[PDB]
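*Asks:* Single-letter residue listing:
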Amino acid sequence: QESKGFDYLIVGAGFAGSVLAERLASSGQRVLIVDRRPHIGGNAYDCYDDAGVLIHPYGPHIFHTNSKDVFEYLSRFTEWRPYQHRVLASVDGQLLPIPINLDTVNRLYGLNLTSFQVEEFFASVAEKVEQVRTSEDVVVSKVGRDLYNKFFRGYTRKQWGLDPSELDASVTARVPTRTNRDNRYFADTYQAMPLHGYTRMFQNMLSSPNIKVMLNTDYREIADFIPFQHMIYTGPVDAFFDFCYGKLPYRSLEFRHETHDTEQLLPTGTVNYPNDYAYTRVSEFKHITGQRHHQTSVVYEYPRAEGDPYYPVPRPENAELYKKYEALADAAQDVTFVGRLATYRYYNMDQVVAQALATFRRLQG
Amino acid sequence: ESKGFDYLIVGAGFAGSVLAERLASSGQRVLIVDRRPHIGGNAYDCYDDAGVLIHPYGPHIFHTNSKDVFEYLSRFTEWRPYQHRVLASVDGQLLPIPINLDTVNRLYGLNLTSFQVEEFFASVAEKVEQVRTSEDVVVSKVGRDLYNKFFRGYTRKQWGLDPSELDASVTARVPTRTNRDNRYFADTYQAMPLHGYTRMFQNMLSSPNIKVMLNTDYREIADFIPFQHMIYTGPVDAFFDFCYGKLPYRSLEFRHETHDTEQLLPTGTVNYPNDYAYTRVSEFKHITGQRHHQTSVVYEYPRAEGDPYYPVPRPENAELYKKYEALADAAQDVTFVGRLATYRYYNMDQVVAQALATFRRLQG
Ligand SMILES: Cc1cc2nc3c(=O)[nH]c(=O)nc-3n(C[C@H](O)[C@H](O)[C@H](O)COP(=O)(O)OP(=O)(O)OC[C@H]3O[C@@H](n4cnc5c(N)ncnc54)[C@H](O)[C@@H]3O)c2cc1C
Ligand SMILES: Cc1cc2nc3c(=O)[nH]c(=O)nc-3n(C[C@H](O)[C@H](O)[C@H](O)COP(=O)(O)OP(=O)(O)OC[C@H]3O[C@@H](n4cnc5c(N)ncnc54)[C@H](O)[C@@H]3O)c2cc1C
Ligand SMILES: O=c1ccn([C@@H]2O[C@H](COP(=O)(O)OP(=O)(O)O)[C@@H](O)[C@H]2O)c(=O)[nH]1
Ligand SMILES: OC[C@@H](O)[C@H](O)[C@@H](O)CO
Numbered sequence: 025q026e027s028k029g030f031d032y033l034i035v036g037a038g039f040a041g042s043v044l045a046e047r048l049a050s051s052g053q054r055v056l057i058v059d060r061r062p063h064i065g066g067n068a069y070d071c072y073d074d075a076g077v078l079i080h081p082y083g084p085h086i087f088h089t090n091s092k093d094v095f096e097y098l099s100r101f102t103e104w105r106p107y108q109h110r111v112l113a114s115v116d117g118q119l120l121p122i123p124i125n126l127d128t129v130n131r132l133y134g135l136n137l138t139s140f141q142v143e144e145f146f147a148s149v150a151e152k153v154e155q156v157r158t159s160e161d162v163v164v165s166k167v168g169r170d171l172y173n174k175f176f177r178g179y180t181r182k183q184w185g186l187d188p189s190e191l192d193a194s195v196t197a198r199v200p201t202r203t204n205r206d207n208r209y210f211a212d213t214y215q216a217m218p219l220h221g222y223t224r225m226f227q228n229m230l231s232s233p234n235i236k237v238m239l240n241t242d243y244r245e246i247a248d249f250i251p252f253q254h255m256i257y258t259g260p261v262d263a264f265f266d267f268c269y270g271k272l273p274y275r276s277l278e279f280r281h282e283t284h285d286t287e288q289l290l291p292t293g294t295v296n297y298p299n300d301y302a303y304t305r306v307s308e309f310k311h312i313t314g315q316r317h318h319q320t321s322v323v324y325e326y327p328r329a330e331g332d333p334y335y336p337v338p339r340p341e342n343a344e345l346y347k348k349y350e351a352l353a354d355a356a357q358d359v360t361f362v363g364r365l366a367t368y369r370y371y372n373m374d375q376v377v378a379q380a381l382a383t384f385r386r387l388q389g
Numbered sequence: 026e027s028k029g030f031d032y033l034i035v036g037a038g039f040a041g042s043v044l045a046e047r048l049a050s051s052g053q054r055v056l057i058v059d060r061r062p063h064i065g066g067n068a069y070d071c072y073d074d075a076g077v078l079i080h081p082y083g084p085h086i087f088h089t090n091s092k093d094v095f096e097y098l099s100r101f102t103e104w105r106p107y108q109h110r111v112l113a114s115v116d117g118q119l120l121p122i123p124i125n126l127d128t129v130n131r132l133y134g135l136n137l138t139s140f141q142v143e144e145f146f147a148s149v150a151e152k153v154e155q156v157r158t159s160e161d162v163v164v165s166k167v168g169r170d171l172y173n174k175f176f177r178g179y180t181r182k183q184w185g186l187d188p189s190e191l192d193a194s195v196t197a198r199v200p201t202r203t204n205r206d207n208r209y210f211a212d213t214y215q216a217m218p219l220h221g222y223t224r225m226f227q228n229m230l231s232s233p234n235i236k237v238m239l240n241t242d243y244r245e246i247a248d249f250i251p252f253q254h255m256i257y258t259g260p261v262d263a264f265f266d267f268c269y270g271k272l273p274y275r276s277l278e279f280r281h282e283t284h285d286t287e288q289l290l291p292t293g294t295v296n297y298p299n300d301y302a303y304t305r306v307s308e309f310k311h312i313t314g315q316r317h318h319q320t321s322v323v324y325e326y327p328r329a330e331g332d333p334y335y336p337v338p339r340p341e342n343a344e345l346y347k348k349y350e351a352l353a354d355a356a357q358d359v360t361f362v363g364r365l366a367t368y369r370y371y372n373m374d375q376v377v378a379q380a381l382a383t384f385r386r387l388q389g
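Those sequence lines, one after another, are chains A and B. Just so we're aligned, residue 25 is where the first sequence starts under full-length UniProt numbering, counting upward by one. Just so we're aligned, residue 26 is where the second sequence starts under full-length UniProt numbering, counting upward by one.
The hints are simulated quantities; they were obtained by calculation from the structure and are not laboratory data. In this text, a Cβ means the ideal position worked out from N, Cα and C, and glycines have one as well. Be careful, since some hints might not be right.
[What the hints assert, rightly or not] Partial list, derived from the structure: chain B residues whose beta carbon lies under 8 angstroms from chain A:
1. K28
2. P62
3. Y72
4. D74
5. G76
6. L112
7. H220
8. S231
9. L239
10. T241
11. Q315
12. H318
13. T367
[Said to hold, decoys possible] Partial list, computed: chain B residues near chain A (C-beta under 7 angstroms):
14. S27
15. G29
16. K236
17. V237
18. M238
19. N240
[Said to hold, decoys possible] Pairwise CB distance ranges (calculated):
20. B:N136 to A:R105: 53 to 59 angstroms
21. A:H318 to B:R205: 31 to 37 angstroms
22. B:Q319 to A:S231: 24 to 30 angstroms
23. B:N136 to A:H318: 27 to 33 angstroms
Could you build the full structure based on these sequences and the hints that come with them?
*Replies:* Following this line, the structure appears as structure tokens:
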């Protein structure tokens with residue numbers, strides 16, 4: 025009776041949205057992809073700054089996956105610059121590797137333990153657990169309270185506004201503790217940055233004539249009058265349902281960007297600050313991108329309880345609230361929910377990509 | 026909450042973007058649309074594979090004599106002062122163009138003063154009764170030899186027509202000088218948007234009343250997007266499905282290159298009237314002021330096929346355009362604005378003025 029219009033209206037041009045727009049469009053669907061922001065990319069958006077330095081406006085995005093499927097998929101849209109991110113935490117005035125490893129321990133205390141001895145060292149400080157439900161429990165019961173306190177407690181209190189004990193184990197479990205001497209932030213098979221940035225990658229992803237891209241646009245601003253047959257939604261679950269069950273908490277961030285007139289400011293990709301400063305970490309994009317430049321650009325991150333949602337807050341009382349919403353989302357007939365914000369999952373880029381690719385299969389089936 | 030738009034603007038170049046900003050500031054609801062995946066239309070600039078700030082559709086040098094236009098654009102961008110300089114490759118030399126005192130002195134091995142090069146120009150000019158073509162314009166000012174060395178081959182190369190087959194308004198665009206002024210433009214306001222056109226454009230479209238749709242031909246969505254008025258900045262002939270035949274526009278192919286050196290050319294653009302397939306090379310860093318270890322240049326090759334860039338001004342074409350101009354003047358809720366829409370050889374600043382004036386009309 026009324027126009028059929030687009031087969032899909034996708035809300036959010038992040039990895040979640042863009043992947044599905046590419047997949048759907050290649051199968052011949054007509055797609056409108058909208059984002060409240062004036063650009064594509066979601067968080068992973070990158071751009072050149074006032075000084076001509078390629079940066080990440082929303083904090084550093086380092087690509088990493090163990091999934092051949094995901095890596096070969098994204099390779100359809102970008103070439104790679106091999107890169108393995110390394111993070112140093114500022115503790116006791118030293119820059120020490122994080123995740124904690126054999127060197128972290130020897131350097132901090134002045135030991136000369138072997139990998140074999142550090143296993144035993146942990147075993148002798150480890151608290152015994154027992155439950156193993158919280159973020160405190162994962163660390164403490166592997167490396168004991170002193171290391172927990174110097175590396176995790178403060179940082180976590182600062183990033184989440186919550187003590188490690190008030191967070192699900194899944195949070196701090198994301199950072200392993202090692203007895204070897206690996207100083208890499210990630211141990212995944214494929215670690216590489218999109219050669220020319222993420223944005224270039226998104227552009228190729230969204231290039232299909234079957235995809236129309238609409239920026240500076242809340243879907244609600246067009247959904248009353250633009251015809252569409254199905255919606256893939258990728259923003260926060262709560263807002264889509266009017267906060268009917270109340271605000272699902274999402275941690276946010278302020279970013280302070282700065283340019284310095286020197287080639288290198290930091291000894292590595294990111295320096296973390298668990299025990300000092302308003303900020304949690306500083307990053308220097310050139311280590312990440314490989315860009316040569318007479319100057320250098322860095323971003324300082326400030327955890328904010330308010331503002332654009334960036335992280336779900338995994339804990340039992342948020343997981344309970346999310347179920348209220350998951351139930352509504354599932355029941356919603358012509359709407360598919362996918363991505364970090366829309367499914368309330370602490371997902372990495374590769375993971376969202378894999379989730380979106382799984383969804384596309386579901387839709388096709 | 027909203028139920029549609031007041032304006033559907035086809036084209037996110039200067040023409041449409043200016044109108045979008047003015048309309049929206051006056052509280053109108055605006056959906057701007059481009060076939061391309063990016064705004065800025067023709068002036069769109071971006072960073073290449075090497076991190077050099079370039080112009081994918083040919084160097085765009087901003088210059089205006091209009092205090093009004095310049096102050097308008099100033100709300101959206103800061104400026105890097107820059108007065109573009111072109112050098113023409115003639116007889117194995119790099120000579121200033123516009124032809125000036127120094128072009129003439131260095132070419133012929135002369136030592137004329139400014140007062141003398143006027144008599145020299147008068148002494149070789151060919152008097153034409155009435156000045157009709159691009160040949161007449163050049164020849165009645167500097168003579169048949171300079172015309173040949175600097176205009177004929179270049180023109181034949183650029184347009185695929187002799188300057189004799191082109192309206193006078195084409196070569197008249199390039200002043201002939203008795204002074205030693207070596208700028209391509211003598212305009213009052215000469216500067217580039219500090220951080221590039223695209224960043225300027227982004228500000229321009231930033232209002233909440235502006236919805237931006239890319240990768241989209243208007244025809245794909247006009248049947249189901251509610252809008253009052255349409256502003257169209259595409260090609261006129263195409264809008265009327267080519268009913269009277271193709272309106273001829275001239276096109277361009279761009280070959281971009283990056284070199285491992287800080288500077289490849291002695292100025293921003295070198296023109297080749299008499300040599301090579303390309304009409305010109307430009308070095309972007311000259312224009313943007315960017316600092317960089319390497320450098321990116323672009324060679325422009327004239328093409329008869331491709332995206333429309335130039336209208337071909339001449340009697341048979343102005344006549345074909347009147348036919349289309351008629352249909353557009355009839356078009357009820359369509360305003361035609363822009364270099365393509367109105368088939369005019371307009372500069373960036375000139376299109377900005379066209380748009381501001383259209384906004385004033387559209388408002389009273
Ligand atoms: C600071 C930071 C650093 C990170 N670093 C890494 C890293 O190093 N490695 C890694 O793998 N992952 C990293 N991530 C996570 C990564 O960004 C996510 O996995 C990714 O964002 C998932 O993409 P998405 O599509 O699910 O969500 P998003 O990128 O958040 O996209 C959702 C989009 O939908 C839009 N939207 C929401 N509501 C509406 C609506 N009302 N109307 C229109 N548009 C709407 C939003 O503007 C947003 O752009 C990082 C995240 C942050 C915040
Ligand atoms: C190579 C070159 C160099 C130039 N150098 C200078 C210079 O140095 N100084 C100067 O002042 N001027 C210069 N100009 C002129 C300048 O580019 C134009 O004056 C200016 O772009 C006019 O803006 P516009 O909006 O009218 O046209 P455009 O910028 O061409 O915008 C038209 C847009 O509408 C879109 N469109 C058309 N049809 C449709 C449709 N069917 N559906 C959706 N979208 C559509 C097109 O994709 C295009 O992006 C140059 C032009 C060229 C080609
Ligand atoms: O130096 C650190 C880094 C990690 N974390 C904890 O580990 C969690 C996961 O951090 P990760 O870097 O894996 O996720 P990200 O914050 O980068 O998105 C953090 O939120 C912190 O609670 C920490 O305590 N100290
Ligand atoms: O005003 C003098 C110069 O022309 C400048 O524009 C500099 O080159 C800036 O980079």
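*Asks:* Are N136 (chain B) and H318 (chain A) spaced within 27 to 33 angstroms by their CB atoms?
*Replies:* 44 angstroms, violated
*Asks:* Does the Cβ-Cβ separation between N136 (chain B) and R105 (chain A) fall within 53 to 59 angstroms?
*Replies:* Distance hint for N136 (chain B), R105 (chain A) holds at roughly 58 angstroms.
*Asks:* Hint check: is the beta carbon of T241 (chain B) less than 8 angstroms from a beta carbon of chain A?
*Replies:* Result: holds, 5 angstroms to nearest chain A Cβ.
*Asks:* Would the stated hint for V237 (chain B) survive a check requiring a Cβ distance to chain A of less than 7 angstroms?
*Replies:* 5 angstroms, holds
*Asks:* May I ask you to test the interface hint for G76 (chain B) with respect to chain A, counting a Cβ-Cβ separation under 8 angstroms as satisfied?
*Replies:* Result: holds, 6 angstroms to nearest chain A Cβ.
*Asks:* The hint says 31 to 37 angstroms between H318 (chain A) and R205 (chain B); measuring C-beta to C-beta, is that right?
*Replies:* Given about 36 angstroms between the Cβ atoms, the range holds.
*Asks:* Taking the least C-beta to C-beta distance, is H220 (chain B) closer than 8 angstroms to chain A?
*Replies:* The hint holds - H220 (chain B) has a Cβ within 8 angstroms of chain A, the shortest such distance being about 6 angstroms.
*Asks:* Restraint: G29 (chain B) near chain A, CB-CB cut 7 angstroms. Satisfied or not?
*Replies:* This interface hint holds because 5 angstroms falls under the 7 angstroms limit.
*Asks:* With respect to the beta-carbon atoms only, verify the hint that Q319 (chain B) and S231 (chain A) lie 24 to 30 angstroms apart.
*Replies:* Distance hint for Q319 (chain B), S231 (chain A) holds at roughly 27 angstroms.
*Asks:* Would the hint on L239 (chain B) be counted as holding, given a Cβ-Cβ threshold of 8 angstroms to chain A?
*Replies:* 5 angstroms, holds
*Asks:* Using 8 angstroms as the Cβ threshold, decide whether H318 (chain B) counts as touching chain A.
*Replies:* Check passed: Cβ of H318 (chain B) comes within 6 angstroms of chain A, closer than 8 angstroms.
*Asks:* At a threshold of 7 angstroms, is the proposed contact between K236 (chain B) and chain A supported by beta-carbon distances?
*Replies:* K236 (chain B) check passes; min Cβ-Cβ to chain A is 5 angstroms, inside 7 angstroms.
Checked against the numbered hints given earlier, the structure breaks hints 6, 13, 23 and satisfies all the rest.
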